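Q: Next come the chains, spelled out residue by residue.
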Amino acid sequence: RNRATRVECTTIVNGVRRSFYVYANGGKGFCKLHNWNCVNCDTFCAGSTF
Amino acid sequence: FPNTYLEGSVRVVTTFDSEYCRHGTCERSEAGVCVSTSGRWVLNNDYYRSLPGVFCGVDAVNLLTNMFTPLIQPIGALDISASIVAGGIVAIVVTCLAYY
Amino acid sequence: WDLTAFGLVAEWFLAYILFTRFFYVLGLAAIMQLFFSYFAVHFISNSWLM
Amino acid sequence: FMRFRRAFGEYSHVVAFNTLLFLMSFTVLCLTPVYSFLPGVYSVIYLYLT
Amino acid sequence: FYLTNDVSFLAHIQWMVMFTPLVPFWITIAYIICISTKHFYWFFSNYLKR
Amino acid sequence: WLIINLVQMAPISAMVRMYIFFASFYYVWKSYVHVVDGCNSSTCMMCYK
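Chains as they are written, first to last, in this note's numbering: chain A, 1 to 50; chain B, 1 to 100; chain C, 1 to 50; chain D, 1 to 50; chain E, 1 to 50; chain F, 1 to 49.
Each hint should be verified, as a subset may be incorrect.
[Claimed, not checked] Straight-line C-alpha distance at most 27 Å; calculated DSS-like pairs for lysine-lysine: (1) F:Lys49 <-> A:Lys32; (2) F:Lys30 <-> F:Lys49; (3) F:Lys49 <-> A:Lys28; (4) F:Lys30 <-> A:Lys32; (5) E:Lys38 <-> E:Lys49.
These are calculated hints, taken from the structure and not from any lab test.
Working from the sequences, and respecting the hints, build out all of it.
A: Structure representation (structure tokens):
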């Protein structure tokens, strides 16, 4: 259904609301361990799902 | 072995309170009177007053009164012989009501 | 030769492939039938409804 | 089949009655191995009802 | 007796399901005979009577 | 009386065997789940990684 690569979300730091993205696979696999479209979710390299 | 009042196809046995035994195994039986429609072995002990065709009681009148014990039992105690028990009540009920 | 058991196994495999919400009630019926066939006798007394 | 159907009604009055007697006799025969005095009295009551 | 057949059938079914396991056998057999006399009369008249 | 009837339903050996049956089925189902979906402790790398 969704081919999105980034997902938006917000959090509060020092009384202000910032924003950041969460990366996703984009259409391949399902990763039933945490039921999210992840890309190589075992390495702390840049661009990986966290 | 206990005393036998009759012998043959119909057997009547009266027993005291003792471990009557013969060739094979031994069991304890209470004092009383037992009767069976077959020539099979009979005792006043438990597991003996469960088999079909076997009647038992403390005395002669007690056995006769206890012969009707399954009649007041809730339904689901007999499997094959239920038909004759049902008929023996049905005939009495239908006569005593519909005529008298 | 005979291969009825293999056919039944294939049928079960194809059923598991076509998963739905109602597979669990069929599995429960099968396991209950197996359990009742395996022990029976012991806990059935009176209660013609049972 | 129509001729047989038309002819059957004459003997149907006995055919229907025979079934209950056959069922009772079969039940008595089935109950024989436990109460080995039933066949004697059953014959007498059978003759009485005859 | 003082009810319509439509509710009478449900009443008989409910009574037979509920009160059966805790009632003496002769009460049940009398209930069955009283229920089935109305059809026994018809059957006897139409297939056995003379 | 209901509790008394329940506890005296069957002999001890039958109860043990019936418990064994259900325990075996539960463990088999848990093993089957562990086979396909993966374990939480991926750090040990188990054998599926």
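Q: Given the hint that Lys49 of chain F pairs with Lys32 of chain A, does the C-alpha gap stay at or below 27 Å?
A: Holds, at about 14 Å.
Q: Are the Cα atoms of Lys49 of chain F and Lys28 of chain A separated by 27 Å or less?
A: holds (18 Å)
Q: Verify the proposed pairing of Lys30 of chain F with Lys32 of chain A, using a straight-line Cα cut of 27 Å.
A: holds (16 Å)
Q: Please work out if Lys30 of chain F and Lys49 of chain F have their alpha carbons no farther apart than 27 Å.
A: holds (19 Å)
Q: For a C-alpha distance cap of 27 Å, please report whether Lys38 of chain E and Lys49 of chain E respect it.
A: Roughly 15 Å separates the two Cα atoms, so the pair holds.
Checked against the numbered hints above, the structure violates none of them.
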